[PDB]
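Here the structure of chain U is known, so what remains is to put chains X, F and G with the ligands in place on it, guided by the hints.
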Amino acid sequence: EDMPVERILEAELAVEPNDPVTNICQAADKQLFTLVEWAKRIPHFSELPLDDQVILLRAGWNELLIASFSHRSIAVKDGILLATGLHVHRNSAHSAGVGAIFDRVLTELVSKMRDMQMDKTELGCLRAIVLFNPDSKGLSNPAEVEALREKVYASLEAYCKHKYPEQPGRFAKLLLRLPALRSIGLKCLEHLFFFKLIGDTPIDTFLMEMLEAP
Amino acid sequence: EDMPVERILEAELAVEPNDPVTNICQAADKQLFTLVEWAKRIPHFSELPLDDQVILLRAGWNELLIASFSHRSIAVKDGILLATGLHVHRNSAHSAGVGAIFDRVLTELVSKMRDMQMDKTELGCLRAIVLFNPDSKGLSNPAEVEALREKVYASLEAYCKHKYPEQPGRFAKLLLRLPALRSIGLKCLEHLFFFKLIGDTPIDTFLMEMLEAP
Amino acid sequence: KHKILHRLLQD
Amino acid sequence: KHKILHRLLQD
Ligand SMILES: CC(=C/C=C/C(C)=C/C(=O)O)/C=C1\CCCc2ccc(C)cc21
Ligand SMILES: CC(=C/C=C/C(C)=C/C(=O)O)/C=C1\CCCc2ccc(C)cc21
Numbered sequence: 001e002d003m004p005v006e007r008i009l010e011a012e013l014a015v016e017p018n019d020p021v022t023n024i025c026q027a028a029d030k031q032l033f034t035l036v037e038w039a040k041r042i043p044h045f046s047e048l049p050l051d052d053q054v055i056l057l058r059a060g061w062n063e064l065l066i067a068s069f070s071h072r073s074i075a076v077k078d079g080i081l082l083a084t085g086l087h088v089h090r091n092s093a094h095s096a097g098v099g100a101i102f103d104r105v106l107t108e109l110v111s112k113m114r115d116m117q118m119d120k121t122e123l124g125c126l127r128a129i130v131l132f133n134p135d136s137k138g139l140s141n142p143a144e145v146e147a148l149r150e151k152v153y154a155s156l157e158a159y160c161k162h163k164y165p166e167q168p169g170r171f172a173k174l175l176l177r178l179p180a181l182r183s184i185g186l187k188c189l190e191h192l193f194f195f196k197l198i199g200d201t202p203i204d205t206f207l208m209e210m211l212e213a214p
Numbered sequence: 215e216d217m218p219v220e221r222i223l224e225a226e227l228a229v230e231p232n233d234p235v236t237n238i239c240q241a242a243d244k245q246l247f248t249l250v251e252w253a254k255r256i257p258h259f260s261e262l263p264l265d266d267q268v269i270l271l272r273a274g275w276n277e278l279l280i281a282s283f284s285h286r287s288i289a290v291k292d293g294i295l296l297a298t299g300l301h302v303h304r305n306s307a308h309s310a311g312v313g314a315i316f317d318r319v320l321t322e323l324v325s326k327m328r329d330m331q332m333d334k335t336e337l338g339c340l341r342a343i344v345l346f347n348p349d350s351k352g353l354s355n356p357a358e359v360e361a362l363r364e365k366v367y368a369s370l371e372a373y374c375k376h377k378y379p380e381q382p383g384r385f386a387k388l389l390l391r392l393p394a395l396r397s398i399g400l401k402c403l404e405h406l407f408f409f410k411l412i413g414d415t416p417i418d419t420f421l422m423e424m425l426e427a428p
Numbered sequence: 429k430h431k432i433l434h435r436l437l438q439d
Numbered sequence: 440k441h442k443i444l445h446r447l448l449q450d
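Residue numbers (our numbering), protein chains in the order written: chain U, 1 to 214; chain X, 215 to 428; chain F, 429 to 439; chain G, 440 to 450.
Here chain U stands alone, though its shape is the one from the complex:
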């Protein structure tokens, strides 16, 4: 109820017109500020109590950002495009020691997004579903977050079948990339904690805050 994909698309269009690891971390911190502005544009998100807004963003920021730079890289050959305007090529990541996770992003996310031609509206809805994660611990009202998630995938399904009537299994295909996004998001976080532990690789203030407890 009251979750038009038009508003979701606007949010997407509104927030985005030597060591690759350092560049990636720098791009993440930068995008964390934009993520907040993006979320505020997601219908009903700002109507939730501040505490729940913090919990949802802290719980999904990594998956939310991975989804964004992955879709942005659909045109890129073998690499990803950072929000900073730089490109991280597959070989560069490998030469930096993060080849394993990098290839998972290309194979499980980027490549798949390109093969099915995932559009910005679909991207937005998937990110909105992730944002409204009812399983996030500490939620004062998980039921309300649950209702909002259902409204999103309900509007997403409507969008599909209508925009792509020829592809009846598109809606399910979109949601079935979430498990891979969940797995890749966890691995990327593991690397970040290790980078912070080792000391190398500069980590900015907002990214650092996201690594804080819990």
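If you're looking for bench data, these hints aren't it; they were derived computationally from the structure.
Take the hints with a grain of salt, since some may be wrong.
Restricting the straight-line Cα-Cα distance to at most 30 Å, the calculated cross-link-like pairs of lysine-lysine (DSSO-like) are [claimed, not checked]:
(1) F:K429 to X:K365
(2) X:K254 to X:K377
(3) X:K401 to U:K112
(4) X:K387 to X:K401
(5) X:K410 to X:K365
(6) U:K112 to X:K375
(7) U:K163 to U:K120
(8) F:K431 to U:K112
(9) X:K326 to U:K151
(10) X:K375 to U:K173
(11) U:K120 to X:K351
(12) U:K40 to U:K163
(13) X:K334 to X:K410
(14) X:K291 to U:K173
(15) U:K40 to X:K326
(16) U:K120 to F:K429
(17) X:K254 to G:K440
(18) X:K377 to U:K173
(19) X:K365 to X:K291
(20) U:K161 to X:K387
(21) X:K291 to X:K334
(22) U:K196 to U:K161
(23) U:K161 to U:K173
(24) X:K244 to X:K377
(25) G:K442 to X:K351
(26) X:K365 to U:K161
(27) U:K196 to X:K377
(28) X:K375 to U:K163
(29) X:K375 to X:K365
Using the frame of chain U, we list chains X, F and G with the ligands on its own:
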């Protein structure tokens, strides 16, 4: 094409009529043998090359087993029912040091399965979707595994909307538990590797083999 | 706790 | 490698 939910249900019905950790591991090894027999009953699974069958089971055995004991525990108060016939209560897990992951299973899987009354047919299809994981590394023909997955959720969606016409969002609700299953499966595996590392907690031959490389 | 995030959401 | 699993799938 040729993936009737009837065959999937039969597979489910065919395979299932002091330290809780040791009991859990023992139940896992036991169920690993049954998992194989279950998979063989999944349409077209046995038609894949032996190498791909091994890759799919090694990639999803943990999520496949977690889904099964979770659904089996829908009636259980605050705990889970092991295939061995024993019950592991929430407090017992906590007193064993695995309270954090145990509560995630109850809150994110068991509780949700019970709230939406997930039936055996739905369980079967979800497990079949997990089994047919096209993202599994080493697959000789990921395309074929991809096609089979689509046939399953295509038959699953048909089952829903027809069995539960009043719940148009049931199909999406079912698939949206996969991300949680993916996350919980990874954590459970982490614990197993730690248990093996520490030496304590006896680990049987088949479970041990699943912990082997890759 | 979560100083930056709270401030940004509030404005 | 994967001795047990292969044998079970083969039978
Ligand atoms: C958590 C994270 C955030 C990325 C934010 C970016 C780069 C956003 C953007 O530029 O749009 C990704 C990491 C976090 C650090 C490690 C890492 C390694 C490989 C890859 C493909 C990603 C990552
Ligand atoms: C990987 C795994 C397999 C379980 C198999 C079982 C117990 C199957 C069955 O009895 O049906 C689960 C583990 C693996 C060991 C650690 C663990 C801790 C808590 C919980 C809820 C589960 C687990």
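Verification of the supplied hints:
For a cut-off of 30 Å, the pair hint linking F:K429 to X:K365 is broken: about 47 Å separates their Cα positions. The suggested pairing of X:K254 with X:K377 holds, with an alpha-carbon distance near 26 Å, which does not exceed 30 Å. For the suggested pair X:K401 and U:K112, the alpha carbons sit about 26 Å apart, so the restraint of at most 30 Å is met. Of the pairs offered as hints, the one joining X:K387 and X:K401 holds, with about 23 Å between alpha carbons and a cut-off of 30 Å not exceeded.
Simply put, X:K410 and X:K365 have alpha-carbon atoms about 38 Å apart, too far for the 30 Å limit, and the pair is violated. About 28 Å separates the Cα atoms of U:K112 and X:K375, which keeps this hinted pair within 30 Å; it holds. For the hint pairing U:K163 with U:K120, the CA-to-CA distance comes to about 13 Å; that is within 30 Å, so the pair holds. Between F:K431 and U:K112, the direct Cα distance comes to roughly 37 Å. Violation of the 30 Å bound is thereby established for this hinted pair.
Restraint check: the Cα-Cα separation between X:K326 and U:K151 comes to about 18 Å, which is no more than 30 Å; the hinted pair holds. At most 30 Å may separate the alpha-carbon atoms for a hinted pair to count; X:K375 and U:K173 meet this at roughly 18 Å. At most 30 Å may separate the alpha-carbon atoms for a hinted pair to count; U:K120 and X:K351 meet this at roughly 28 Å. Restraint check for U:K40 and U:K163: satisfied, since their Cα atoms lie roughly 26 Å apart, inside the 30 Å limit.
Between X:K334 and X:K410 the alpha-carbon distance is near 33 Å, which puts this suggested pair outside the 30 Å criterion. Taken as a hint, the X:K291 and U:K173 pair is broken in the structure, with Cα atoms around 35 Å apart against an allowance of 30 Å. Note on U:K40 and X:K326: the hinted pairing holds, with a Cα-Cα distance of about 28 Å set against a maximum of 30 Å. Between the alpha carbons of U:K120 and F:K429 the distance comes to roughly 34 Å, so the proposed pair goes past 30 Å and is violated.
Distance restraint check for X:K254 and G:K440: the Cα-Cα separation of roughly 21 Å lies within the 30 Å cut-off, and the hinted pair is therefore satisfied. About 22 Å separates the Cα atoms of X:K377 and U:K173, which keeps this hinted pair within 30 Å; it holds. For the hint pairing X:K365 with X:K291, the CA-to-CA distance comes to about 35 Å; that exceeds 30 Å, so the pair is violated. Taking the CA atoms of U:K161 and X:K387, the gap is near 18 Å; set against the 30 Å cutoff, the hint holds.
Of the supplied pair hints, the one linking X:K291 and X:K334 holds, its CA atoms being roughly 20 Å apart against a limit of 30 Å. The hinted pair formed by U:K196 and U:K161 fails the criterion: a straight-line CA distance of about 45 Å is larger than 30 Å. Between the alpha carbons of U:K161 and U:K173 the distance comes to roughly 12 Å, so the proposed pair stays at or under 30 Å and holds. Taken as a hint, the X:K244 and X:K377 pair is broken in the structure, with Cα atoms around 33 Å apart against an allowance of 30 Å.
This hinted pair checks out: G:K442 and X:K351 have alpha carbons roughly 19 Å apart, not beyond 30 Å. Of the pairs offered as hints, the one joining X:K365 and U:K161 holds, with about 17 Å between alpha carbons and a cut-off of 30 Å not exceeded. A threshold of 30 Å between alpha carbons decides the hint, and for U:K196 with X:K377 the separation of about 51 Å lies outside it, so the pair is violated. For the proposed pair X:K375 and U:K163, the alpha carbon gap of about 21 Å is at most 30 Å, so the pair holds.
This hinted pair checks out: X:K375 and X:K365 have alpha carbons roughly 16 Å apart, not beyond 30 Å.
Of the numbered hints given earlier, the model fails hints 1, 5, 8, 13, 14, 16, 19, 22, 24 and 27; all others are met.
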